[PDB]
Structures are given as structure tokens and as C-alpha cells.
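**Student:** As a plain string of letters, each chain reads:
2 protein chains.
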Amino acid sequence: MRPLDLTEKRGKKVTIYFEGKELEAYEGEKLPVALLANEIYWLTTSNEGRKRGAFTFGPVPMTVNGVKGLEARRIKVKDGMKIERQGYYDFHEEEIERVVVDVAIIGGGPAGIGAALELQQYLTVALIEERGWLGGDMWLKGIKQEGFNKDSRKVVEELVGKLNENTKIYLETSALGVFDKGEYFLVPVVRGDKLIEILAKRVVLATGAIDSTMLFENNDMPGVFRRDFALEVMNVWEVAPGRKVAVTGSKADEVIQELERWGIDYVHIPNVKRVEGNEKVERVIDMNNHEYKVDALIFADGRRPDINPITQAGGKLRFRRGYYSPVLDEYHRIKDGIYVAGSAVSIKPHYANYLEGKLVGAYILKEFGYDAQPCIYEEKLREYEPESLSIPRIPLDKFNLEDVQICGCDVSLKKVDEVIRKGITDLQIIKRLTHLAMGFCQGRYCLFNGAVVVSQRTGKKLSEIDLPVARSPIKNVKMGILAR
Amino acid sequence: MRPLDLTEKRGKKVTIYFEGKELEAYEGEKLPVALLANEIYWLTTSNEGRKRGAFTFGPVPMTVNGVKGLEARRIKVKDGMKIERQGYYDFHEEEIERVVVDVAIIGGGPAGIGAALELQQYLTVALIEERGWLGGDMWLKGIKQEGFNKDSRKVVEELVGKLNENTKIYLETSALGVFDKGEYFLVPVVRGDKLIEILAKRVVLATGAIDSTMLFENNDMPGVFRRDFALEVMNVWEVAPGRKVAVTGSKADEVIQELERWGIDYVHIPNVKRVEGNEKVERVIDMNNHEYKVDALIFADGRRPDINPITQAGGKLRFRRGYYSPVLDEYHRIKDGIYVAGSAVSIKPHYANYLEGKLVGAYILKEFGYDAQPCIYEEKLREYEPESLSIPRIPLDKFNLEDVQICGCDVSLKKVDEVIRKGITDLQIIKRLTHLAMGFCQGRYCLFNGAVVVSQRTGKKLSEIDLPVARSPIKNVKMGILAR
Ligand SMILES: Cc1cc2nc3c(=O)[nH]c(=O)nc-3n(C[C@H](O)[C@H](O)C(O)COP(=O)(O)O)c2cc1C
Ligand SMILES: Cc1cc2nc3c(=O)[nH]c(=O)nc-3n(C[C@H](O)[C@H](O)C(O)COP(=O)(O)O)c2cc1C
Ligand SMILES: Nc1ncnc2c1ncn2[C@@H]1O[C@H](COP(=O)(O)OP(=O)(O)OP(=O)(O)O)[C@@H](O)[C@H]1O
Ligand SMILES: Nc1ncnc2c1ncn2[C@@H]1O[C@H](COP(=O)(O)OP(=O)(O)OP(=O)(O)O)[C@@H](O)[C@H]1O
Ligand SMILES: [Fe+3]
Ligand SMILES: [Fe+3]
Numbered sequence: 001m002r003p004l005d006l007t008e009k010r011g012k013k014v015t016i017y018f019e020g021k022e023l024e025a026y027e028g029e030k031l032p033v034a035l036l037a038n039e040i041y042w043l044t045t046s047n048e049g050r051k052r053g054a055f056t057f058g059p060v061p062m063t064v065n066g067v068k069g070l071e072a073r074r075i076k077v078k079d080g081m082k083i084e085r086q087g088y089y090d091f092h093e094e101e102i103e104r105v106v107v108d109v110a111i112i113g114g115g116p117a118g119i120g121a122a123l124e125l126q127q128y129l130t131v132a133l134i135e136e137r138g139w140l141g142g143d144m145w146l147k148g149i150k151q152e153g154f155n156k157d158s159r160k161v162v163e164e165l166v167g168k169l170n171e172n173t174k175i176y177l178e179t180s181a182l183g184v185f186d187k188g189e190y191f192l193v194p195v196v197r198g199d200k201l202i203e204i205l206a207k208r209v210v211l212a213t214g215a216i217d218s219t220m221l222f223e224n225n226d227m228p229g230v231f232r233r234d235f236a237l238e239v240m241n242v243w244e245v246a247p248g249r250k251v252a253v254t255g256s257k258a259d260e261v262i263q264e265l266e267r268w269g270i271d272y273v274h275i276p277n278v279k280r281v282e283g284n285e286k287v288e289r290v291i292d293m294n295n296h297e298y299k300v301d302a303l304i305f306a307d308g309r310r311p312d313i314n315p316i317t318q319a320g321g322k323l324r325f326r327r328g329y330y331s332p333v334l335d336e337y338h339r340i341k342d343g344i345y346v347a348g349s350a351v352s353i354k355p356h357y358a359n360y361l362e363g364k365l366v367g368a369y370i371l372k373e374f375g376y377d378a379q380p381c382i383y384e385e386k387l388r389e390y391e392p393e394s395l396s397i398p399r400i401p402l403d404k405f406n407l408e409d410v411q412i413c414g415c416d417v418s419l420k421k422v423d424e425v426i427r428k429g430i431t432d433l434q435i436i437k438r439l440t441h442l443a444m445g446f447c448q449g450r451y452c453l454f455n456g457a458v459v460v461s462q463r464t465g466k467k468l469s470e471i472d473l474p475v476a477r478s479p480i481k482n483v484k485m486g487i488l489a490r
Numbered sequence: 001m002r003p004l005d006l007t008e009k010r011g012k013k014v015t016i017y018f019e020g021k022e023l024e025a026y027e028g029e030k031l032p033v034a035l036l037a038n039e040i041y042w043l044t045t046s047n048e049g050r051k052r053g054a055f056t057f058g059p060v061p062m063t064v065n066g067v068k069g070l071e072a073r074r075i076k077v078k079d080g081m082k083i084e085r086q087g088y089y090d091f092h093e094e101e102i103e104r105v106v107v108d109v110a111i112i113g114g115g116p117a118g119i120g121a122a123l124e125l126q127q128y129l130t131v132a133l134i135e136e137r138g139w140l141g142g143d144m145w146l147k148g149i150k151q152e153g154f155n156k157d158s159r160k161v162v163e164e165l166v167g168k169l170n171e172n173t174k175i176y177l178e179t180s181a182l183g184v185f186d187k188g189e190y191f192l193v194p195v196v197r198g199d200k201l202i203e204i205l206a207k208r209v210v211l212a213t214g215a216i217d218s219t220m221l222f223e224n225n226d227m228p229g230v231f232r233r234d235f236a237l238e239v240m241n242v243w244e245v246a247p248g249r250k251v252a253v254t255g256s257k258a259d260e261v262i263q264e265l266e267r268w269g270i271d272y273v274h275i276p277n278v279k280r281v282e283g284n285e286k287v288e289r290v291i292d293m294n295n296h297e298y299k300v301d302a303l304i305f306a307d308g309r310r311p312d313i314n315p316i317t318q319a320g321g322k323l324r325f326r327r328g329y330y331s332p333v334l335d336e337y338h339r340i341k342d343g344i345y346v347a348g349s350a351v352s353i354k355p356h357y358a359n360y361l362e363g364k365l366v367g368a369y370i371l372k373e374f375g376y377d378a379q380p381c382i383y384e385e386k387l388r389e390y391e392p393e394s395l396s397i398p399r400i401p402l403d404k405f406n407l408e409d410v411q412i413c414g415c416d417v418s419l420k421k422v423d424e425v426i427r428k429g430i431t432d433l434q435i436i437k438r439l440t441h442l443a444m445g446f447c448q449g450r451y452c453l454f455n456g457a458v459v460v461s462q463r464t465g466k467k468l469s470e471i472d473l474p475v476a477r478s479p480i481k482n483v484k485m486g487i488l489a490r
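As given, the protein sequences belong to chains A and A', one line each in that order. A prime marks a further copy of an entry chain. The first sequence lines up with residues 1 to 94, 101 to 490 when you count with the entry's author numbering. The second sequence lines up with residues 1 to 94, 101 to 490 when you count with the entry's author numbering.
Note that these hints are calculated values from the structure, not bench results. Honestly, I wouldn't trust all of these hints.
Stated by the list, open to error - Listed next, the in silico EDC-like pairs over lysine to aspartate or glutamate satisfying Cα-Cα at most 16 Å (straight line):
no., chain 1, residue 1, chain 2, residue 2
1, A', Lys372, A, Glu389
2, A', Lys150, A', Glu266
3, A, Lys372, A', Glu389
4, A', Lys78, A', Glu22
5, A', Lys200, A', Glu178
6, A, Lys386, A', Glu384
7, A', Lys299, A', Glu288
8, A, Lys386, A', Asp377
9, A', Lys386, A, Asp377
10, A', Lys437, A', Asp416
11, A, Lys372, A', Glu385
12, A', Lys372, A, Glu385
13, A, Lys76, A, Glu178
14, A', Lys386, A, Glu391
15, A', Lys354, A', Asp377
Excised from the complex, chain A in its bound form:
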């Protein structure tokens, strides 16, 4: 057992080296998780000298066997592996498959599975998921779940269990976007390092929501965990974020329930001002200047639909219930032939998103001439009012602005605030002046916040501040993979 193991691992034991030090890991574990288990948090430094971990926004470039600039999260641990830290900008110096399919479902959470289950009654589908497992956010929980009155992870197993050979599953697979060729849609997809082109008649974006990022002082430092990452390490791998854990944000109960299940000690800090520490977090300070000693901070401030795949697919947005949503016709369509389902549509219980996927799959099944009954899913859905999110009042005056990070790359809240103060309110321009939303997330974890700041400094309402649209490759792909 390593110090942060929640279980004794029974996988094949393996040995790796971090900065020369000999560490034990298990086969199949991903680099940052093996290092966490061994109490190692600080994995890289940004170009302007900011220490960083793997469990919040931003990329983790690491030298993995003399090969510079590999992404830590993507790398499985391997016996004899030589791992080292490096600069942010340090790079290394040194057979297309075509598959035709009826629908192409992007995203493998409850919505995606839902759609696939409905669809494979008669059609051939691609279920595309970049994640390596086929649950959704649901596979991150293991707490009993409403709707299917049954344990979160047990439901996923049941559902995956029910998939046909009519469903081609694509794990560890990144969709690069959707391209309408009139007669079909092209969804180019990357798995391992092969490019696969999926030509489909229909598409469904079952694309999910992403966790909102909280603005407080060293919010990027090692040992801060965004909700999803904390749940992943605890529930998927079985590793604690730390020995004693601070928890914050408006959905902190979801996290606390997991902590309690695993018996991980914690404090609940409703309003975080700052985190401090040399390599990692060791104190958090609240808005009343109270300090708490802890090894990690976990924040959970609500999920918001990931709008990138929507807007690259050519969909339009609406602001409602504290977040941006897809504008849909009466059939959950973004545009003719592209359906949207799940937490991509709105925030609501897993079961609801599951139904919406079935709903969306049923419409296309009806399109195809099969006798489906989308409305039974429709009427089940209405039983679930979509959730709201409070819009954050960022106490700008009360923060030391250069310490609070807005995006992954450079980009402090101060830089953004500065340009707004000089009159610029158009996010298009803000994007260019500061590098907000130009980093390796494409604004996923910062655009909305940038908007909130403009809105706050301006008085201009959020339902009027329109968002820069997502462009060509919605996910990072390198570049060799795309020739010839």
C-alpha cells in the first residue's frame, strides 16, 4: 500500500522512476494517479513559473523516457519508466480507416448509452468516447442514484452489459468535430494514434457538461482538485486526493458523501479566498481570513453543458438557468440531422439524461421508418425540472488578482480585468489581448468566467454577452496523425 491508496491494489505490480526516485505503481494506472498515490502532486511548471498538478485545468507536459512533451494524463505507467519534469513548451524533436454507420453517437455517458440502446434495435451506431470507460460522469460516483434506484456504477455495468454487436464502441477515442457533407456527416475520430473517419447518416451529441472552475487565489496550484478529478481518483482508481481534505463550492455535498464513504477526513469551507504551499497545498484561507491545514482542496461549483461540440456542429446558444444551452427545435435538434441529448442539453439527474438519449434515439429511429415511441420518453422527461446555477459574484476588489487564474495558459484574472478596465468588453477582443480561451482547453474552463467578469464590471446582462464559437478540431490532435 502506498500512502494515498484507498485499497490494496491487486493488479500486476510495476516500478517507475520520478526525478530519479524509485516508486511503485500498478499496471494500467495512469501516470498522474500513480504519482498521486505516492504523494507526488507537482508535475509541471507553466512558462511564467507557476507550479501545477493534474487535477484542475491545464495540460501536463512531461518527459517520459527522454521523450519531451508527452501528456501525463494520457500515459499509462510501464515497468522501468523514467519520468521527469520539464518546461511547458519543451517538445520532442522526432493507414486511415473508413467506417460507415447509421448514427455516430459522440459521448459515452448515460445519454450516449441511452441513445445506443434505443438505436441498436435496428440501426448500426458508433458510440464514441475519449474516456477509456463507458460510464459517464456516472462512473465517477458509486452512490445510490435516483431514477434507476440502484448504485451508480452498478447501473453502468448493467447498461453497457446490454449493448449489441450493432454498437461499435470506441473507447479512448476523441472526436474532432462534425462536418456536414449533405448526404452524410463526417465525424473524424482519433484513437491511439490512428485516425478513423466515421461517415454517418445521423449524429447525436451526447457530449456532457463540464465542471465549472472557481475563481480564488492559487486555484491552479498542485493539490487542487476539480470535482470530476477528485471523484475519478477516489472511485475509478482507488486513491485519496490527500490525507485531510478541504471541500468547497455549491455542490460540495456530492463530494462530501464520497469522502465519508471512503472515510477520508475533511473540512467544509463555504467560501475560499486562497490556497498556499510550496510544492503543494498546505493551508486554505477563507474570506474571513481563517486558516485550515489540509493536503488538498476539492471544489464543486456545478457543471455546465460543454458548448464546444454544439457550436462547431453549427448549433446556436441560449442563456437560461445560469448557463448556456443549445437552442433546439421541437425534436432536440441543433440543425437537421444532428441531435443533442443529456447534460449537453441541460443539467438534471443521470436518469433524465439517460431518457433524453433514448428520446433522441427514438426520433431518429422514427426518421428511419421504424415504429418508435419517442413521446413515452418525452413525458418521463418532464418529471425532471432542469437545475439552475447561481451566477458567481467574484469579489474582485477583495482578491489579489494576479494570483487568481482564469485560464490554463498564462492568463491571470488581473490581465482580463485590466483590459476590461481599459474599455474593452467584446470577448472576441479580450480573447486576443489576453490569451483567454486560446489555451489547450479552447475556453471550456474559462470562457463563461470571462463573460461573468465583463458582465460584472459592465452591468451588461449575461443573456446579451455572446460567446466566441468553437472551431475546427474541438479536441487537440497532433498533427502527424492527420497526414496523409
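Start from chain A and add chain A' with the ligands according to the hints.
**Tutor:** Just chain A' with the ligands, lined up with the frame of chain A:
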């Protein structure tokens, strides 16, 4: 075979007497039909001396064995029976059951049966029908029907076939209205001469549409058949309206198809001005003064929802698509707890009205806690656009107004036109001055026409001329039956 028999009848032969004359009839036949078969049309005279039959608006009081004032349509023929004509106002001088039920469905056409079929999965229903058979208007057809791609009367048999013991059927049973007691509804019902009180939690009005009445000169004279009566005698009993038949109105094809099936010769007169003859029709004259020799005229100018049971139940009306309809909430409710289904709601194919009955039954099943799926019926219904009806321009200037009858009782078009000409436009007042809608139909076959006349003479739009509401007993009941 009698002269107007379409088949040789194999029922028990019986013998009756009309005005002394010995006639042959069959057991189970109703008086006016036996007399028609024997070429007898003129059955009574109105108080102001107008000869009348049984196949258009108005009552048929007859002396049936020295008992004056019995209603011809209601009387079954019986061996030795002595039948005579009489004045309109000639009258004779000389154990309540309580049944509690979940729903009480008023009207036994496809809508009613539809509702009952849905409902008896779990609930106990009363299916109430005054008609003696359980089809609807559908049982009047015997032509292949859309929806259930199958012969009209064969579908009825199939459907009735499927009724449980959870459905109490009440044939030859007149509902007197609906009375909300909060904790339940009272639907008093008359069968034979017993009064039955049905106490139900829910009610559905599956009440039907009635055939519109055409305004032309002697439109009340013997040998004029309203669509429904012509179909009844031909298809239910098997007796021809006449040897050679004139057909008119905008739904004349429905009738012509039946005529052709039975091989009954006919002429199609698109625009009738007048019918003439001593005892019966013998000529019809068109708007261009062309004459045709015939034995009967059949008119079919569209059905309109019967609004009486609706308004006595306390529902409100809307004018759309050329006719008055119930105002419904989003659940086909007139008012809490009273559902409306079928051609009572709108004009559309039998199959659609069948679905609407299932729809309505499913909602109440959901109300009761059972898991029903009203929406599958919902979405099937949308496949059927409700039909329109042209609003008639009555050529008032071109008619001899005192010959064209508006209501059953006295009441010529002239009487109505007169009062309108003297400034009165409120139907409330018209009702009182002339006796329009005070006869033994309660305006069923004349209110709308009265409105059309006002509208035509006034310029005032029909969607603004509101209709006198139906009151206490929606159907005639006598009076002894209601003590003690
Ligand atoms: C000189 C220049 C540099 C740019 N650098 C970046 C960049 O570093 N990251 C990025 O995501 N986009 C970059 N862009 C693309 C901008 O997002 C660009 O204004 C754009 O995408 C146009 O807006 P649209 O894509 O919404 O139409 C750059 C564009 C220009 C002209
Ligand atoms: C003197 C008098 C005679 C009436 N005669 C008849 C009648 O012969 N037939 C009929 O249906 N209603 C008759 N009524 C009832 C009218 O329809 C009456 O104005 C009425 O119903 C009130 O309108 P409401 O029922 O719509 O509230 C009569 C009412 C009065 C006062
Ligand atoms: N471009 C992409 N390529 C492949 N997978 C993607 C892409 N974008 C998003 N996804 C995946 O879609 C999945 C979204 O599932 P998620 O569980 O978040 O939402 P859901 O299925 O609507 O239901 P719920 O939000 O309640 O779990 C995530 O697993 C995410 O990795
Ligand atoms: N007060 C009443 N008591 C008993 N029966 C009634 C009463 N009022 C109307 N009805 C009956 O309701 C039935 C209506 O059925 P009808 O077939 O006209 O309409 P439907 O079932 O909606 O479908 P469709 O119009 O297509 O046939 C008729 O048989 C009529 O006699
Ligand atoms: Fe970024
Ligand atoms: Fe009348």
C-alpha cells in the same frame, strides 16, 4: 319481400295495421321502418298542418293501440298492432337503481368504445348509449374504413367483441345530463322506463356529432332523409329510402357510395331549391328550376359536434373550422373530471375518434395511478387534421321563405327572418319570439342555422354570435319516470 326491402327478411314475420290497412312487418323492426318498407312515408302532421315523416328533424307522435302520443321511432312493431295518425299535440290521458362506477362514458360510438377498452384494463365503466346498437355513426356505413383497414361494421363487431365484464353496457339508454356533486358525478340515465342513477368518479362525453340540416323549401316533408337516417334504414334495417333517390349536400359521396353498393338508382342535385309532392316527395327542383322525378331526397351537408351535452356539463365553446367546438385544456377536459372525446371534439375519421377515446381513457387511468401512456395516442392523433365545414350562404332572397323550415316545431325561416329584420339579433330573444330551439330537439338541428341567418343578415361574424346553452334534461324524459 315488401316493395322497399333491400333483402328478404328472415326474422319472425308479424302483421300490423296502419289506418286500418293490413301490413307485413318483422319482429324487432321499429315502426317507421316497417311503414317505409311498405312504402308509407307520411306519419304525422304538425299543429299548423305540415305533413311529416320520420327521417328528418322533429318528433313523430302516433296512436299505437288507442294510446295517443307515443313516439314512432321508439316503438318496436308487434303482432296485431293498430297504428293510426293523430294531431301533434294529442296526448294519452292515463324502483330507482343506484350504480357506482369509476367512469361513466356517455356515447357508444368508436370514441366511447375506445375509452371503455382503454379503461377496463383496471377500472369499472358504464358505457351509456341511447341507440340500441353499440357501433357509432360507424355502424351506419359498411364501407371499408381508413385507420383500421377493414369494413366499417366488421370493426364494430371486433371492438364490441373485446369488452370486459368491467364494462356495463347500457343500450337503449338516454343520459339526462351530468351533475357535479364534488365527490362524484351524477349521470341520471333512462332505459325502457326505469330511471338509473350512475354515480361515477370520472365522466367522458363521447357524445358525437349530428348531421347538419339543409335549408331548402319543403325540407321537412315526408320522404326527405337526413344522411344518418338514410344510412340507418339502408344498412341497419335493410330498406331503401325509395325506388329512385335524389341526393344533395357537400358530403353526398358518402351517401352515393352506399346507394351504389345497394344498387339503388339516384340523381345527384348539387343545389336543391325545392321538394314537392302530396303525401310524399315526387319532384325536386334545383336553383336553375330543373325538375327531377324521385321518391326521396337524401341530404348530407356535414356533421357538427353535438354541443348540448358539453354545455350542460358546464363546458364552453369555440368557433373554428366552420363549427362550434368544446374548449379543452391540454388534457381533453371540459372542466375538472369531465373528459371529451370523438366527433364531439372535432370532425375527423372514425379511427381518429377511436384513438381520442383511448387517449381520454388513458389520462383518467393515469389519474387513478395506473401506468398508462396517453401520449402514444396523442401522437397518432396528430396524423389527422380535423376537417372544416363550409359556412352556407342561404339564398334568402331566392327562397319562398315560409316554405323552408328552420326548426322541428312551427318555425319557418320566414318567422326568424322577420324578427331579424325588425332589429333583433340576440338569439336569446329570437329563441323566445319565434320558438326556434324550444322544440323537442333543443336547437340541436337548428341553433347553428339560426346563428348563420343572423350572421348573414347582420354582417356580424359567427365567431362572435354566442349560443344559448343546453339546460337540465339534455334528452326528453317523461315525467312519470322521474317520480318518486
Ligand atoms: C495572429 C493570430 C494568432 C492566433 N492565435 C491563436 C491561438 O494562439 N490560439 C487559438 O485558439 N486561436 C488563435 N487564433 C485564432 C483566433 O481564435 C481567431 O481570431 C479566430 O479564430 C477567428 O474567430 P472565429 O474562429 O470565431 O471565426 C489566432 C489568430 C490570429 C490571426
Ligand atoms: C314563459 C316562458 C316559456 C318558456 N317556454 C319554453 C319552451 O317552450 N321550450 C323551451 O325549451 N324553453 C322554454 N323556456 C325556457 C327558456 O329557454 C328560458 O328563457 C331559459 O331557459 C333561460 O335561459 P337559460 O336556460 O339559457 O338560462 C320558457 C321560459 C319562459 C319564461
Ligand atoms: N469530442 C469528444 N470525443 C469523445 N468523447 C467526448 C467528446 N466530448 C465529450 N465527450 C464525452 O462525452 C461524455 C459525456 O457524458 P456525461 O456523463 O458527462 O453526460 P451525459 O451522458 O449527458 O449524462 P450525465 O451528465 O448525467 O452523466 C464524457 O464521457 C466525455 O468524455
Ligand atoms: N345523452 C345521450 N345519451 C346516450 N347516448 C348519447 C347521448 N348523446 C349522444 N349519444 C350517443 O353518442 C354516440 C356518438 O357516437 P358517434 O359515432 O356519433 O361519435 P364518435 O364515437 O365520436 O365517433 P364517430 O363520430 O367517428 O362515429 C351516438 O351513438 C349517440 O346516440
Ligand atoms: Fe484555454
Ligand atoms: Fe327544436
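**Student:** Now tell me if each hint is right for this structure.
**Tutor:** Going down the list of hints, with the structure as the test:
A distance of roughly 14 Å separates the Cα atoms of A'/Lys372 and A/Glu389; the hinted pair therefore holds under the 16 Å criterion. A C-alpha spacing of about 14 Å is found between A'/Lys150 and A'/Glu266, which places the hinted pair at or below 16 Å, so the restraint holds. A threshold of 16 Å between alpha carbons decides the hint, and for A/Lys372 with A'/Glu389 the separation of about 14 Å falls inside it, so the pair holds. Taken as a hint, the A'/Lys78 and A'/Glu22 pair is honoured in the structure, with Cα atoms around 13 Å apart against an allowance of 16 Å.
Distance check on the hinted pair: A'/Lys200 and A'/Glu178 sit about 11 Å apart at the alpha-carbon level, within 16 Å; holds. Of the pairs offered as hints, the one joining A/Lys386 and A'/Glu384 holds, with about 15 Å between alpha carbons and a cut-off of 16 Å not exceeded. For the proposed pair A'/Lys299 and A'/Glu288, the alpha carbon gap of about 6 Å is at most 16 Å, so the pair holds. At most 16 Å may separate the alpha-carbon atoms for a hinted pair to count; A/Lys386 and A'/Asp377 meet this at roughly 12 Å.
Note on A'/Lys386 and A/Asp377: the hinted pairing holds, with a Cα-Cα distance of about 12 Å set against a maximum of 16 Å. Between A'/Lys437 and A'/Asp416, the direct Cα distance comes to roughly 12 Å. Compliance with the 16 Å bound is thereby established for this hinted pair. A hinted pair counts as satisfied when its Cα atoms are at most 16 Å apart, and A/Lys372 with A'/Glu385 qualifies at roughly 12 Å. For the suggested pair A'/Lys372 and A/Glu385, the alpha carbons sit about 12 Å apart, so the restraint of at most 16 Å is met.
Proximity of A/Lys76 to A/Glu178 is assessed by CA-CA distance (about 12 Å); at most 16 Å being required, the pair is judged to hold. For the given pair, A'/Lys386 sits about 27 Å from A/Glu391 by alpha-carbon distance, which is inconsistent with the 16 Å threshold. About 28 Å separates the Cα atoms of A'/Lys354 and A'/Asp377, which puts this hinted pair outside 16 Å; it is violated.
Checked against the numbered hints above, the structure violates hints 14, 15; every other hint is satisfied.
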